[PDB]
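Coming up is one lone chain in structure tokens, specifically the form solved without ligand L89.
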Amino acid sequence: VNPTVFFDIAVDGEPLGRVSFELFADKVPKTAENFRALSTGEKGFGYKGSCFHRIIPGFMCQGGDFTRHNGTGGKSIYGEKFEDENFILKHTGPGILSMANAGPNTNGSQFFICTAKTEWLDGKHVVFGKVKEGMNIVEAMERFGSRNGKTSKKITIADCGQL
């Protein structure tokens, strides 16, 4: 059974809402496990208190940089980086959850939630989950993004874990 994780989102510290995700452990078990464990904080680090540092409306919302809070950091449960596990799953539409990276085999902790079909990312970013509840909360987060991704308010993961 594929695991479910949730994030409770806040805007300048004001609760916004919860987003849950199905993680496709059946297809990308290593990548799904990294995200799952970073969501639970079970290795002693992870997403709780981290921010969505890059939000581009009509494209995606990016976060998971829990070390440097700006797109230059993050780490996996396996080490600083791990390989692209596979590209079975494609960027089919809004709600897809996919790994951000800095080129091949550079997955750490950074992720994005698509708010459009982004097929040009097929075979360059590892798709590992989708939004199951709260896509409306992801849609609301776009109210605080910009063309270049800079956010107009501080968007944080106030709480996260496994359902």
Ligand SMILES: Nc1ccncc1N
Second form
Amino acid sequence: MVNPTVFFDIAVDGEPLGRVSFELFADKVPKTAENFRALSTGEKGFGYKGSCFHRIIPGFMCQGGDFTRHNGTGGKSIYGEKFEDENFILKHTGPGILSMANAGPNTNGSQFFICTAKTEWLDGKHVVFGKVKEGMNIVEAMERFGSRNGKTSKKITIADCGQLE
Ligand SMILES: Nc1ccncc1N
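The form deposited with ligand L89 bound is what I need now, so please give it after the form solved without ligand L89.
Once more the chain from above appears, this time first in line as the rest of the complex follows.
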């Protein structure tokens, strides 16, 4: 009944930075929310722990969740390699929105991005499924390590993750 909360503990070249928590909108996109939750706890035997934010563009987004190829070309969901666009109820309204990365229609896996700006042009193309709850300051600190082409100046990892409550 209550939307679940998940956390990432972020590190910068192995050094602790801080914690980002997220509300996942299971009320509106239950299948997509449950994939991110499960990958956060690692309860299926695979997931986000130890992975990196491989593409950070200041004034755009922070993208991560490729735990199979580590560079934007991999990932897999708890449902199989790919799963369908669940719905497009929610929009890309501004910083802190959590949304699925993809490579065409119905190609969701494990990759996701945290917006750091409104990204309206993505509405009806990428599934929105959550938002940052606490630690937007930490997301802003992450964003300082990115670049225009998305290469990070230090390695940004999820040192730990899981579910709160
Ligand atoms: N397989 C993928 C490739 C690029 N972006 C997202 C996904 N899911």
